[PDB]
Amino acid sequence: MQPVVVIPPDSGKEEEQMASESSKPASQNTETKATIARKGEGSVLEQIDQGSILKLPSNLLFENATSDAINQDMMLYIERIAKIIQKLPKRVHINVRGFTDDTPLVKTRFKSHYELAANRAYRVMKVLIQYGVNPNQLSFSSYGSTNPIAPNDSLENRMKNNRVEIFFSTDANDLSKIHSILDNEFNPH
């Protein structure tokens, strides 16, 4: 039951973990763990309303997080992505996106994180081309260091922060045309 003299202690970890279950009433999850080649782990596939994003931790592609040297053991992961892309129509555009953390670049040839990220995304794009993706469906982008995923306090988080993302989308304009036709017809301005 209870002591006859009840003296509550300070709020503790029991009370933290009980209230540490708070979350959104409508908890939807638009990410799934992805498996490249039945052996390529830590990747995720995310859906957003304008497209799909395949997120690849640094270590699935590059020999390190401050280099654009593709780890040759990982060439087969890029081949698998190329194969799947070749199963999409030529309508689909593929944007390879590079990201870095805040690691100092003085020991490398890179002068900026934007530059490092650009070279990483470019190299991945070029390997996709080697494996047959039409260059007319590809582009590369750099975000530099300012879109982190997690604090940079573990190897796993560092690999996420230095990820490459592959974004799949189209340039559909049917709704835009519809509005344009209506606007031209009805707006005096």
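C-alpha atoms forming the largest set that superposes within 1.5 Å between two forms make up the rigid core. Only residues modelled in both forms are compared. Residue numbers count along the first chain shown, from 1. What changes on going to the form deposited in another entry:
Once both forms are fitted on their rigid core, the CA atom of residue 102 lies less than 2 Å apart between these two forms. The rigid-core alignment places the CA of residue 74 2 Å or more apart between these two forms. In a rigid-core overlay of the protein, residue 154 has its C-alpha displaced by at least 2 Å between these two forms. Fitting the two forms on their rigid core shows CA movement of 2 Å or more between these two forms over runs of at least three residues at 62-65, 72-74, 153-156, 170-188.
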Contents of the next structure:
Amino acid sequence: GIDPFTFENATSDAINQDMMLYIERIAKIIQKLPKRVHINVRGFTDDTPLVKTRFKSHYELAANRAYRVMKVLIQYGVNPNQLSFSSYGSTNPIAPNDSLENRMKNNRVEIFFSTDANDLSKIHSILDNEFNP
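Having seen the form deposited in one PDB entry, I'd like the form deposited in another entry now, please.
Next up is only this chain, free of partner chains and other molecules.
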């Protein structure tokens, strides 16, 4: 439907050019939404060890990931007032952590919308019109 922001490797919080482009589309969407809609950028990791890395927990890596994406959104014009970030650490995985490929699905940031019922449909249509030909 709409992809989360997937990170290159398991230990990285780096935002590459492709992800920058994707964050820009999402920033563009957020600004057409009703102002009472708020955005929570959620960070997650796989279960890969954090040896050979500066981070002392997956909650840190996940926070850094989410904080970064939110900062790129702010750079594209999204209002700080509509935004927050959350770290979920290694909890709540999307796929099994059995393979490199599935592990990478877990290393992500997700966008949650906070919306009343009457605004929900506007978001739905705005999201459809952006992410379809």
